[PDB]
Amino acid sequence: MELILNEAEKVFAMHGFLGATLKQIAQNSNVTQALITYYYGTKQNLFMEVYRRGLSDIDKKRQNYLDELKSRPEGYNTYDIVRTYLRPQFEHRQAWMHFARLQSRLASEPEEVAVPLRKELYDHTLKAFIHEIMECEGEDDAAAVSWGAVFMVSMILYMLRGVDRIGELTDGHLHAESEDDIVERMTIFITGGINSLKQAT
Amino acid sequence: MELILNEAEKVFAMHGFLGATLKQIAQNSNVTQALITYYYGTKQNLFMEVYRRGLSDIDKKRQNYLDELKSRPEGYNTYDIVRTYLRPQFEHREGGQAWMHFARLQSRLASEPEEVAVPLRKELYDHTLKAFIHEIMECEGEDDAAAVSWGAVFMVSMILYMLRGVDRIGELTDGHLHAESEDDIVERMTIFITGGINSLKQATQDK
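Quick mapping for you: the protein sequence lines, in order, are chains D and A.
In case it helps, the authors' numbering puts the first sequence at residues 30 to 122, 126 to 233.
Once you know that position 69 of the second sequence is 98 in the authors' numbering, the rest is easy, because the numbers rise by one and skip nothing.
If you're looking for bench data, these hints aren't it; they were derived computationally from the structure.
In this text, a Cβ means the ideal position worked out from N, Cα and C, and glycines have one as well.
Pair ranges (Cβ atoms, derived):
#1 A:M129 x D:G170: 35 to 43 Å
#2 D:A175 x A:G194: 19 to 27 Å
#3 A:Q73 x D:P102: 56 to 64 Å
#4 D:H205 x A:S210: 35 to 43 Å
#5 D:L64 x A:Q92: 51 to 59 Å
#6 A:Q53 x D:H163: 43 to 51 Å
#7 A:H207 x D:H205: 36 to 44 Å
#8 D:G170 x A:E171: 20 to 28 Å
#9 D:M43 x A:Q53: 20 to 28 Å
#10 D:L64 x A:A174: 49 to 57 Å
What the simulated footprint calls covered on chain A by chain D, stretch by stretch (three residues with Cβ under 8 Å from a Cβ of chain D suffice, anywhere in the stretch; the number is not a length):
#11 41 to 49
#12 170 to 180
#13 195 to 204
Assemble the whole structure, with the sequences as input and the hints as a guide.
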């Protein structure tokens, strides 16, 4: 159960969907291919499962951060929503690493798996996230928010790569202090970006 | 030398660096592996060459567009610079095979291993990004290197993702919204990037 998913997570992050084999996944779990086929059916299904588990934990925490927000006496704003969506991707506990790496390669996966992935696991919550921003007091431009959400995803997928790109570009002078610094900077950036799109329409 | 490279680019775009083989590239090129090896050294160096040719066309365009900027009498701002950097990644001749393959290839860059991925940043992307940051650093009110530098990293992330050609906006608006055109895409990223640079800048000052 949990062993086979963890090892398959590792092997997919490393080789992508096509490159991975159940042969390799069986070897690192000490089981037969047969037993996997039994539990999971097809390489695609196993792959979907790895994503179901990963994104189930993240969206549960997203939902908890959103419930806390909607319980504040003072209310909330766009900034708060964006930060709500981002933290769960970045708050770690090598559990965290492999799913982060895996997600970061999503764009190079075949449409045969990417399209169902997006439709079944990401769309629902992104739409929900967009709707929440529409409910806020700055916002009745769906265009600005929806584009902003597309740009968010691109930022998330890249940041999940774990590359210290800011370090590489500033000859070491600038670094991300932490995951919360990364989240904070993306939150501000996106919130401002959404605003500029709204203010130019 | 403009043929093995075109085949290499196709195979690399479809299969990635690890999955591509010099064997298939040679078969699709109607030459031997040995001849490919003779001109290009190693699979890692063919790959680099595919990206050298590609980013050379792109960066020469960027340099012309920034030159055009610096010759406008009324001047230019952050927005104009950002547009400069984005344009050659998205403007294409239509139906534009050369642009398509290289777009697709660059879109997959995140899934390449560090043995090609790191040299590509080092050798091919850094110089032009640093120059980009510098040019923006000469447009007051803008003396926040952090704001602009994070802006650039977030620039790049949206480029690599948009190059995939996935109608993400469509999927999320159940069809109600789409890119009108390449220029509409560039336009939207530029305003987003410029605004975001501002919000980062505006969050640093104030005690």
